[PDB]
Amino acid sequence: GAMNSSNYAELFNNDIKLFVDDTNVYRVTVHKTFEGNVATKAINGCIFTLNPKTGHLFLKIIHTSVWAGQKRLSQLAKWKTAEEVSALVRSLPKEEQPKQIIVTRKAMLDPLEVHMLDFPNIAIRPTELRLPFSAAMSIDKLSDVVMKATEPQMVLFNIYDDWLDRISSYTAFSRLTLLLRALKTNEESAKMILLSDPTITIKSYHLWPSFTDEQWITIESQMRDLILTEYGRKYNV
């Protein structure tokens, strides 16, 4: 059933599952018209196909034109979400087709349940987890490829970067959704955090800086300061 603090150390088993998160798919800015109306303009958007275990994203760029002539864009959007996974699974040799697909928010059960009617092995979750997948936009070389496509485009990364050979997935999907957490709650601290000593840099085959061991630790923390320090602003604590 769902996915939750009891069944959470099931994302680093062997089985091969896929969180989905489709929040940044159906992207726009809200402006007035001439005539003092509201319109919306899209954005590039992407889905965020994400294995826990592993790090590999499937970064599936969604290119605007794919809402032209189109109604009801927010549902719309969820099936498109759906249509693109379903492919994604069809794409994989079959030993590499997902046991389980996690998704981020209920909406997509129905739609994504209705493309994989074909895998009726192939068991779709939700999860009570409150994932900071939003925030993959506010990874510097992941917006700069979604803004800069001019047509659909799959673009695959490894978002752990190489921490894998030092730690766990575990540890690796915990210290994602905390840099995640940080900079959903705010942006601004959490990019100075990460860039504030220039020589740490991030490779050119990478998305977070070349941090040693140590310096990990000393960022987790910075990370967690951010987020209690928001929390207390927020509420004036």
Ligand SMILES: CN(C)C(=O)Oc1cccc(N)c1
Second form
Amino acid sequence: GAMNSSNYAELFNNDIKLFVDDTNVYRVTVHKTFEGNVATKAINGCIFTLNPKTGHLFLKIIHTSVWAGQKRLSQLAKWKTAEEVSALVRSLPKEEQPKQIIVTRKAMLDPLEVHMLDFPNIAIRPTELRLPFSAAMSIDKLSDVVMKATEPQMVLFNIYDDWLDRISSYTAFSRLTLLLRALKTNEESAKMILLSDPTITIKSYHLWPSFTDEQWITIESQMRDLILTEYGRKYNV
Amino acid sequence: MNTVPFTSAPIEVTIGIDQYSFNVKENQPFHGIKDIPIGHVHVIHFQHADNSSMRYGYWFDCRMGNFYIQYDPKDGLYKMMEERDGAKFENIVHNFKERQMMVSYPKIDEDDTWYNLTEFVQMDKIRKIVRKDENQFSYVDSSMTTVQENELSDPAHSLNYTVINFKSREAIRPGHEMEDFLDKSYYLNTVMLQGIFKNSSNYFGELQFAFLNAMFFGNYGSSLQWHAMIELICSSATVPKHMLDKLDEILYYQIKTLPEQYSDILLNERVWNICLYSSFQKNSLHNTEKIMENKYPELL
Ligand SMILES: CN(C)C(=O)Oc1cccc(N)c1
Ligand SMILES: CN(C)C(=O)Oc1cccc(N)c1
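What does the same protein look like in the form solved in complex with this ligand, given that the last one was the form deposited without this ligand?
Whole complex next, starting from this chain.
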């Protein structure tokens, strides 16, 4: 069934599961033509496929060539997503395949379900949560492997860096969702919180700074302030 | 013109014969129905006055035998039976006609309704959907479930309609997932028409039979089947032109005949709005769209 606040701890049990977000698969800039009409130019996108218990991110880069000569691209994007997720599952050993796939948008249910007909024991589920996964693409290093791609490519990351050595996956997911909510609502003022201090740096092999435990509390506190504010600046309260 | 005599009418019952119906009182001197047109299947159906629960009835074709009705007080229903003794039957009927104890199948001469509702329905195909091979006629009632319903429980008492499922390996060619799901022509023309039904007449016959069981018995699984068979054609970009023209005629007469007060349960809003306004064939059902818009504009 649908995933919501009530069954949130299920994300961190020992049944393998993947979130799939398709927001950033088909991406365009809209511009004027010489004749004064409007046209779109596509840019590279990505499927965001995340194991919330381990932090294992399978980032399938979608190169603009996959749209050449195709119609109804927003619709095709959902089926392309489902085809790539299906290909990913088939590439994994049986004992690594997910028992559930949770899609962040309901329009992905039927495309994924049809592509996964071969896997009747994999549950395809929606969610009621408003998860902020589009916001990975605002992390410069992520903006860059996607934008630099010249061909289809799968890039493998742990989105939690080394956090699981010190915190649980519940706490790591909550940190991730807070950072991404923050990186959604106001990219610039949330970009200052993470690296406006020049002594905390990211390891070459990571997406987030090496904050200490105490610095993470400060950082997390600053992100919640941002989110509350912008919610005022937005609604005037 | 043939006759279905009744031994008696011991319980008050509304009797249907095709799209006609009449009331019979407890122990009324009623001995059957005469002047039944040859050349068509027919259905004779029952709703007891005391228990509107369970509409039930029998599909039959008088060319296949001499059939009569007899109330069974143990099982509590009117049962169809075959009389194998031809001269016994003729003598029974002639006596009942002489005493004018039979109602006349009341067909208006201009009226093609029943032909139009049963054009492609054959008894031999009914008997494969309703399996009871010791009889030449077929029992159906409001509660019988379909094979597909059982998969989602008594196999002997099921309606064995052709299983249609748009999200199934039969419907979806590996590697044509998006193509086959958004344009069901493969599934309609290759899997179902060429593979399973053999021709469109058998397809239309099952569609018509499913509608009639939905209308006369309120059989929910039959209504599901009728809508699924409509949707499979409407959701196909490539349909033979003769099939579309015949479908429009079929549906038109079904909508024409439907009780105005049953449209709330017998018509699926989603299927009809999709078929008439969003599907590949949205512009191919002129007669059906005009009668639906003038008779059930609320649904749409
Ligand atoms: C190239 N750099 C240092 C980079 O990716 O900057 C960010 C921006 C936003 C979030 C994070 N974690 C890092
Ligand atoms: C199978 N993938 C998701 C995977 O191994 O992801 C990682 C995990 C940790 C570090 C790195 N570099 C990549």
